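Below you'll find only one chain, the form deposited in one PDB entry, shown as structure tokens.
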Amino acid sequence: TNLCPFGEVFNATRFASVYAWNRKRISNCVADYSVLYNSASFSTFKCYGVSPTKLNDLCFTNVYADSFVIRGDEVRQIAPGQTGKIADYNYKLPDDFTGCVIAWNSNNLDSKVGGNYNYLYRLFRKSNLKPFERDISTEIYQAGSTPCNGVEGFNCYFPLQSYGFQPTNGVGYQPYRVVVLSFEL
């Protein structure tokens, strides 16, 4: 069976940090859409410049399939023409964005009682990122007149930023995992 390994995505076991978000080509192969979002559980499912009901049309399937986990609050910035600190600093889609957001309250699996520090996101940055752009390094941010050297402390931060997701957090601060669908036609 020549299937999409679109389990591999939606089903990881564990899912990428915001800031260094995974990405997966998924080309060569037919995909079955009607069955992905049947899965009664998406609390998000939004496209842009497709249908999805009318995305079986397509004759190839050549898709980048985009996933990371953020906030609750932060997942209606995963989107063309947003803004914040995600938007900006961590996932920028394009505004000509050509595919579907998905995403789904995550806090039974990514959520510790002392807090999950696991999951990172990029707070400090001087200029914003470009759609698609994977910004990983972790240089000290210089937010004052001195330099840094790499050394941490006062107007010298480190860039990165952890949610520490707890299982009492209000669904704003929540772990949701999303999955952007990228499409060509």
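Numbering follows the first chain given and starts at 1. So that the term is clear: the rigid core is the largest set of C-alpha atoms that superpose within 1.5 Å between two forms. Compared with the form deposited in another entry:
After superposing the rigid core, the Cα of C59 is displaced by 2 Å or more between the two forms.
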Given for the second form:
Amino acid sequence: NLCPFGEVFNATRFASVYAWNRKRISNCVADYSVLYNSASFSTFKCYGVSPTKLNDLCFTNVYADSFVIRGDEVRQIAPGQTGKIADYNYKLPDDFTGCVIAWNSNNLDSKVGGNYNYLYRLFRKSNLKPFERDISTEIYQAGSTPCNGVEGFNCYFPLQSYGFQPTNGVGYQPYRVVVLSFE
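Switch over from the form deposited in one PDB entry to the form deposited in another entry, please.
Excluded here are partners and other molecules; the one chain stands alone.
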């Protein structure tokens, strides 16, 4: 049959970037023509493969990673990039073989009062490995003395909310990202 690409892209809601979701896609015929012939995508870069020339290629597994970040932070979803998203949330390998798809979702993920469903990781001791996922909520110890799970000075919660408002600029508006991986 056909691959469930419509479930991931046209999903009702997307995950936070720190808790980025992964759906394994296999045992199906992928019709990539639905994707690269769509004028609704704002960002569409492929690394190591040509977009139009994928219907004649086969792969053992295809992974779809979805989340939501700021518009300014979309540039970090690329090999060899640095920043809070690439370092502490979603890291792509330097030898990444896949495509990155993103589109503006201010009409869906932004709330007037302030959304609470989309978060990002702010503090972490070290950069993530490629395709690593860290959903831990341990109190980040920034000072010399320990925190024993209590907030305060030099004891900050490692996650921070975006608070997408519709009046924000396009750089601060939410963008739904879907990363396709091949092997």
